[PDB]
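Undergrad: Based on the provided sequences and hints, a complete structural model is requested.
Okay, here's what each chain looks like letter by letter:
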Amino acid sequence: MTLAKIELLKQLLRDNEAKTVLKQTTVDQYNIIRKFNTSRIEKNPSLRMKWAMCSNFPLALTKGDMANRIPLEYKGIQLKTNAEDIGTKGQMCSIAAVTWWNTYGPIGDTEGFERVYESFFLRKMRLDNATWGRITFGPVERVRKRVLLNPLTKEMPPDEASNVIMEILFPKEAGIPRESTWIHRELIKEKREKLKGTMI
Amino acid sequence: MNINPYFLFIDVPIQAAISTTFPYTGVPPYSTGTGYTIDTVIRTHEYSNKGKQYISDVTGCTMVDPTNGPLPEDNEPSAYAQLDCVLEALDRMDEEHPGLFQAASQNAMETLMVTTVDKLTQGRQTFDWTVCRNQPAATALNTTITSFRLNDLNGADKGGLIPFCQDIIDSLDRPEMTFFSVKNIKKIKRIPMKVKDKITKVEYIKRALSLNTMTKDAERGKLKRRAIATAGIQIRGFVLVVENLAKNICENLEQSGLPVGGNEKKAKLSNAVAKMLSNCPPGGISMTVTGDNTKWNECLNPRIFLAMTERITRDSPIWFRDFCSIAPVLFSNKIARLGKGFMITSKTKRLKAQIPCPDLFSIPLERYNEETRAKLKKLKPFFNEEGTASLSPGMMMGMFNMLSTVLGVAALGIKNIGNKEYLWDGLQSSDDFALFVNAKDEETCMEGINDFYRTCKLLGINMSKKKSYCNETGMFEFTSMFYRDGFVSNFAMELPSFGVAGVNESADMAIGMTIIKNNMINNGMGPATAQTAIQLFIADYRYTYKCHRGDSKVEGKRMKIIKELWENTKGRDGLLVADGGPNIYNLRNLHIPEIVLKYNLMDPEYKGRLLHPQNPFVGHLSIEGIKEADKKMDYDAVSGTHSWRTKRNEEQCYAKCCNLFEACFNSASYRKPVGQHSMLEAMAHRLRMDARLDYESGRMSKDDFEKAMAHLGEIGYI
Amino acid sequence: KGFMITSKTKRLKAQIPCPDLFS
Amino acid sequence: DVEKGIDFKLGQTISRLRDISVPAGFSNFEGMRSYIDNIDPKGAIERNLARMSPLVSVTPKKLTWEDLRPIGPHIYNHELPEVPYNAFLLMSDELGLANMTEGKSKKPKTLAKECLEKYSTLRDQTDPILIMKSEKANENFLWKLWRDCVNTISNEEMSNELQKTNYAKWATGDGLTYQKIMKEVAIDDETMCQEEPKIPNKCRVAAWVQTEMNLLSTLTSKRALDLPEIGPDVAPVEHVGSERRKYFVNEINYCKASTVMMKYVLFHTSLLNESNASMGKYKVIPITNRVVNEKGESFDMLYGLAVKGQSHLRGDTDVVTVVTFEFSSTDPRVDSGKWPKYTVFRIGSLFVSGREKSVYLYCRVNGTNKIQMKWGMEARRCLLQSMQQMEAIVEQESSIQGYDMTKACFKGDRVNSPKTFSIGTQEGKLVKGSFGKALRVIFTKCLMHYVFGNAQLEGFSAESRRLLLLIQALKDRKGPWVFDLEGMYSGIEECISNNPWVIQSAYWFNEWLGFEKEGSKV
Amino acid sequence: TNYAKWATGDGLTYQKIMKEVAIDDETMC
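Chains as they are written, first to last, in the entry's author numbering: chain C, 1 to 200; chain B, 1 to 31, 34 to 189, 201 to 643, 652 to 670, 684 to 752; chain Y, 353 to 375; chain A, 195 to 716; chain X, 359 to 387.
Just so you know, the hints here were simulated from the structure itself, not pulled from any lab data.
Be aware that a few hints might be false.
[What the hints assert, rightly or not] Simulated restraints on C-beta separations: (1) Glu111(C) / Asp586(B): 14 to 24 Å; (2) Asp231(A) / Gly162(B): 23 to 33 Å; (3) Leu127(C) / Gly708(A): 35 to 45 Å.
[As the list claims (entries may be wrong)] Here are some chain A residues the structure puts well away from chain C; computed CB gaps all over 10 Å: (4) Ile200; (5) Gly219; (6) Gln319; (7) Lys338; (8) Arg398; (9) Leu466; (10) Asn470; (11) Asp512; (12) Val546; (13) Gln566; (14) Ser592; (15) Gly596; (16) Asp598; (17) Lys613; (18) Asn692.
Don't be surprised by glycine CBs; every beta carbon is placed ideally from N, CA and C.
TA: Right, here's the structure in full:
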């Protein structure tokens, strides 16, 4: 893929616009470059989704070797097509293939969900073991308060949160650790160990 | 017996059953907008026709100046705002608050020096002058950046918004203006190409000052249609800065309903009414005026906003004072585009033709309908030859919401006129104000109300005497929220939100359930109502994605596969509602994603298949929306086969450059990268390191390494 | 060939063939 | 460089624009800046007010009951025409061709085929008896189009597209459209004028609206509204919610308004599906519904057919034409004022239990768009609007006495009488109504707010809410004052033009205001 | 060419339709 990366880079540079923009915009400016998208946002998502679900192949599949696991038509039902794509450069597919994959196909690893989605399973644990009581139908006095919607493992400001996330799951690009990793070293090591062994 | 639904109000208060009055279940009204735009221009100039009429020598378009104009002698709307009174109100606000103006201006300047140009990509559709149309903000900004490169204009590459605004202001002086225009060349096929076009200085000034128009069709509770205006990218930076400053000022003001939204606004409303009830003298009356302002933007002169900006920044750097005063100047000399023009038809020949606006007066007026005849006979004085209307006075809806709110709060905060035995205070938010007047009797209450009305008329504000009323404190309405005897019914208007979110199965489901739970928390939706909402939403969700219960005899393409899966897997309580599984969601667990909810009940094969580490239905580039659902609403979902994306409905340059950079540095997609070097060299170094590591690990062959290094050397980085 | 009938308001014409001269 | 500071200086054109964009009395922006920075107002507001004319004021007038008068008196006037039936589909006149089915869900085309197969007399009827051709539609066009519809539905092939494709083009009037030319010729030609705006007619109070309001709000042995299951309820709160939900659905499900709502939703869903799937070909669409009786028999009901025109539209506001043929048991001659837009036949008769009753076909051309087309499938929210308020009602009761009353309000208990609202009237005597009947009335009100919804309805409701809140304030003796009452009244009454629901809402508002006026004596 | 079409009156020509519709239309004489 790194060879594919270099070949794609060379092909992109062959055009002069890519050469001039790449050599002009610094790394910091990249953000601006990314935000120059079409912004042709769908005006009504409900109608779009309704129409798409009735189309032959609305699903936009990423090009890869997964498709070979499933025929282009199974049990006389069309699943995927080999026609090229312009929006995503991949293939097209239908929810039929998705349902078949949920039915048959490769079997993945169940370990990752034990720890990766720890917050959700903790929510479920707090719900299941909760004890209910009576209901008081009388009027309730309520005050408007600034409340934390969800429990947090270790509340930190957004910048420290981003730095910790990068230090956890992005081993590269970790120049000069600030005065925040030492404070959260235990969290760093715990999350690092827990998330190791995954493929998400 | 003849039924009568209104009789429900005999046994119930109106506020309690207020939700049923609103027809927020039928088809909202929907639509040429040229007639409405011309009517709006006509009304805007009519209200200020007595001002000073002159001719701009920078653009040649007629201008009407109502500020410091004759004081109105009638109840009709008046834009004749006296500058001294505005400054008096601002001074009273400044005295009533400790250096609020200075703090707000300084904070606005600081956040401005940190703002980037790309912030202008947010918002809604914007007027693009290179094509003279309405285009997405991102595309319009990109096109203007590209055009500026040709005329020796730069600063977008320099980053911050200061250089972009500086070279935007510079562009107004260039003797020419070159750009790329779309040319639909005939070849029969119509192929679009880029043509290097040029326009003069006056044409460019007119294009920059022009305000595009559209019909406000989405409105729900108004019979007559209003026109919404979209401005160009050359005003977005200044309007944004002034709006941020006004937001900073108004946030502290306890009289301002904005920008706080939700239960905060209810808290403010109840707190204000309680405060006024507490402050009443003994045996006196505190009357509440339920007000609904009209012509709230056809009477506000941008010159008053220029004066307000200058007074607000009394003590600030000269450069910032000049910068933040550009938006009122651009708005005070704005021009309005005019829809797509009227349509004339002959029925004796079954012929019809739409007449473009520039040709409005190329036809004898005796052929338009009498109403449009009068409209054009009145619009002729301000009609530009190009097909635009010179609209100096007044404002279009939606531009200075915060600044207009600040002016309204300034009017509210005077609190007295002539030391008369009364006081007043209230809530104001963007064309909706509720006032409270405390006195020793009703007569003095209305003396105060009349004084406040007169004072408002001295600033261009004209409260609607037809859409407003007055009563005793403890019962009123503010921005469609009703208060009565301490009971604030959140008027149930979030009903049109239970449809599928149309992003994907799991995400749509999570969004719907979170919407249900939020409505339960906020609007007082009862448990039975929430259960029925869950039922209806699940019905619609199953229908829209053609996935009903596997047992049910319904026929469909995916339904056959769902039926197969129903018996091919033993554990039948773990399937998802997208896989014909049984619904499990209830009130107690609307806050838990179902995938984790049914994780125990699934089967090992089913969970392995659905929660595969790699899914051809899941892509990295599809993750953009995993955080916020377009208002940006946070939803919690789970990675899986049902996390797919729908098909799509210097562009490629930027797009593929960014895509490749993300694919190289996978960390870029999450957090802003940092570096003072060209992107090319960063990518080259990273790719060289990656190639060496891949080879040393045996993942790449030797010929592969040599080819990669040859390419990198050709790139000029080795 | 028959006859020709026409509506001026709709600006439409049609040919009635000889076999259909009484329909 | 930290000794310099930011540099941002205004050019020449922008500086000139600033110079000329100064309020009156100034000649340069430096002058305005100095004036604002230096001059101090110390009572300028009072100085301006001390001279402003005394002819400007809010005109504060106290509001009493007598000032409030009936809204839209022109509906009473008999010189105006009776309001017509402009709703998309028949509501209280639908005739359900009902076939018992094991429960299998089948394509609408096959369902309609079978339903007609059961009734051979109506399927094979080919000699119509014109009861009335309304004003413009052609009897030959409509009858031939309906015959093609029946033939296509009953054809062996699964295809549900019209086999003619050319007769329908003129039956639906697609070809009766103007041809667009370029602007130059229009400028040169003198006869190419501008069409005068077509204002809605000013009509009077009809009678069919009241009868439909009554009939759609009554229990029927047939139930169609079904809802998906939810997870087991383990908390007490969700147990109470389940009890309330059951008590509500046991009431709403059997009202005819629920069946009409489901028919509308299903028809619009099928219309959207056909439009998306088929773009430029005429299609046949049965108006299908599914109805379960108390015994659990899942009848499939065919209510008519509809030809869909060419829906090849890029935009949403673009209109697509559809012609509806509807089975009914009502002879329009009984009240011809209700059906001035409909061309009808008399395609036979049927026996429900031994009592023979005629069977007519109401044919009408109409047009919709993707917006209303979607809202058709979002019309189910009426149900929610029906429950929320009642929920609140019940909750209020629960606030009074501690226990839960949902059984008490609905049916009553040994300690509390059943809750009764005021629902109707007769001979000037208002009548009470059970909790379930009030819930039905609210649900039907919401359904009508949808079906008869347009700009007029919004302008009427959002502006008569002012008077509603003023009356509410008056009933609490808040002594509300008003500034311009006639302005509000004119605003409200400039919306009662031709919408049947708007006219009936005005009529009921006037009657209820009279009732409140007569009851205010205490 | 486009302008001459309407200037010369050639574009003001009645449209031919199938005999079925014409017989079924009572306004055609």
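Undergrad: Hint by hint, say whether it matches the structure.
TA: We went through each hint and held it up to the structure:
The hinted range of 14 to 24 Å is satisfied by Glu111(C) and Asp586(B), whose Cβ atoms lie roughly 23 Å apart. In this structure the supplied range 23 to 33 Å holds for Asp231(A) paired with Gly162(B), their Cβ-Cβ distance being about 28 Å. With their beta carbons about 55 Å apart, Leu127(C) and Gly708(A) fall outside the hinted range of 35 to 45 Å. At roughly 20 Å, the least C-beta separation between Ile200(A) and chain C is larger than 10 Å, which holds for a residue marked as non-interface.
Its beta-carbon lying about 44 Å from the closest one in chain C, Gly219(A) satisfies the requirement of being farther than 10 Å from that chain. Distance to chain C confirms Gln319(A) as a non-interface residue, since its nearest Cβ pair spans about 35 Å, more than 10 Å. A cut-off of 10 Å between C-beta atoms confirms that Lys338(A) is not in contact with chain C; the least separation is 31 Å. Separation of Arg398(A) from chain C is adequate, the least Cβ-Cβ distance of about 38 Å exceeding the 10 Å criterion.
Non-interface call for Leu466(A) relative to chain C: violated, since the shortest CB-CB distance, roughly 7 Å, does not exceed 10 Å. Separation of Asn470(A) from chain C is inadequate, the least Cβ-Cβ distance of about 5 Å not exceeding the 10 Å criterion. The claim that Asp512(A) lies off the interface holds: its Cβ sits roughly 13 Å from the closest Cβ of chain C, which is beyond the 10 Å cut-off. Residue placement check: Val546(A) keeps its beta carbon more than 10 Å from all beta carbons of chain C (closest about 38 Å).
No Cβ of chain C approaches the Cβ of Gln566(A) within 10 Å, the least distance being about 12 Å, so the stated non-interface status holds. Remark: the non-interface label on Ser592(A) conflicts with the geometry, its nearest Cβ contact in chain C lying 4 Å away (cut-off 10 Å). At roughly 5 Å, the least C-beta separation between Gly596(A) and chain C is not larger than 10 Å, which violates its mark as non-interface. Remark: the non-interface label on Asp598(A) conflicts with the geometry, its nearest Cβ contact in chain C lying 7 Å away (cut-off 10 Å).
Every beta carbon of chain C lies more than 10 Å from that of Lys613(A), the smallest distance being close to 16 Å; the non-interface claim holds. Its beta-carbon lying about 29 Å from the closest one in chain C, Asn692(A) satisfies the requirement of being farther than 10 Å from that chain.
Of the numbered hints given earlier, the model fails hints 3, 9, 10, 14, 15 and 16; all others are met.
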